[PDB]
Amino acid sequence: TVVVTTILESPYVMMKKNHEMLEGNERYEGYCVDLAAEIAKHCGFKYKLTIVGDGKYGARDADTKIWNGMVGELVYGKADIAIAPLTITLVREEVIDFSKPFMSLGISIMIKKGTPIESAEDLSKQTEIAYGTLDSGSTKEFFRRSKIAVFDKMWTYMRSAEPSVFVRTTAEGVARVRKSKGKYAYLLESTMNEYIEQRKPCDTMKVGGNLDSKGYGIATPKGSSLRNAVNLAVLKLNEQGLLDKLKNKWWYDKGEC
């Protein structure tokens, strides 16, 4: 039996209605639960979904350099595979292997509905509507590193803005959009932006296209005999249109707006 590490994060993995009367894999539902079943079928293995204990994606501890989260479970021999919204990054690809992306996503703009902003270009040209990101992590780093004129202009504004336009958590950012009288836009991953747009209270929306491109991938420990089959499975599901349909199911078919 393959031990699959994953994470409780809507709509990827969620506790099912009446989970306390269910057992094993049947306790969970969501996009990644459906994806795990498809991968397992195509690769021909039995598996056990296990929620990562610390509830983390995976980063090196600053002090010890030990990996936490799902990446930790893989690199220290506790799980055979991670099927989760785990971003393909350099720091992680150095220590585990990723499949090709099963979901693409990018940095995107969230506004309260009514806010007179339709593009990053619009945001960049004005200051009455403040805008920012998580105070650490890849979204902030994108702007800090960008040589594209519009994003460089945005970074110049954000890094100097007072009061701070940076937030500690997604919840804080989204709350700030909702309660600041149209004076705050939040920059975050498109998947989460799109998900929140389809939940009550139905008062936010994504504007503009994605500002960059990255992907979520399935991760296996170095030397795994599953690496190849998992990669080919992902490309097959993509090309067959199954992953598009699955995204539509969990974002829109199950939507509230």
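Positions refer to the first chain, counted from 1. The term rigid core refers to the most C-alpha atoms you can superpose between the two forms while keeping them within 1.5 Å. First, how it differs from the form deposited in another entry.
Both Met103 and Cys32 lie in a single rigid part of the chain between the two forms.
Between the two rigid parts, the smaller one rotates 28° against the larger between the two forms, as C-alpha superposition shows.
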Contents of the next structure:
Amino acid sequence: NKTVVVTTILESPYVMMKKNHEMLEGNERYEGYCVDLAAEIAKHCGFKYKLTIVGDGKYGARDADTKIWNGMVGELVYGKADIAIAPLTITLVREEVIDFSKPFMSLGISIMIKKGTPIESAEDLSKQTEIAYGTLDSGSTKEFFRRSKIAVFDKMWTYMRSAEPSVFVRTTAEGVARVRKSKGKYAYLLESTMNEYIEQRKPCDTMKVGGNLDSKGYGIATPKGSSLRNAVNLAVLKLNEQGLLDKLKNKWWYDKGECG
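Form deposited in another entry, following the form deposited in one PDB entry:
Below: the lone chain, stripped of partners and molecules.
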């Protein structure tokens, strides 16, 4: 009936521009895990769709003062998109305003270091000051630290919120580049999925250290009242049970892996 507007975000390897994208049009410009997922979800739910990259390049957070949502969440809330198919973390504040499918991928917050950085844990980071560390802006990881009552994470947040120069970054790519150029003096807090991906990318100079700080998942999000909610939810479960989600993770993370 109507073309479904999918909001997504340029985040490797979920959605990336193809090497030859400039000569391509519409959905064909993009590739990645979420591009593949979107095609599968659309197939099983029987809709046509248009992939649109989120205008402000953000996942989604609510301004404390205006109460206005930004990012992909904002696009859903304000009716600019019909569905978000992205590595969008299922969170309480978000699930209060949009609906999430069952998770299509699990993750937890993790630590990325430049190889050789003498840091093994969140506790290690919190104890010292020589190595700076931060998170992505307008995402679920920043909110995790902001809200945490756990002493280690509370101390980390107290440090991060005030740190000069700013330890927060606008994009995951910015966080990763920062780790890579900072000679071991910057650690980055990011989701395990993204961390593991980057660990298998040239120049193979980063690694994930320590356990995950939490356990959660990404979900496909729809605005409240969406006619797509049930079908999308069931389609995620179908794709999981077919082993398709695992196949896609292997395709985008490890099959193309550059670090041996």
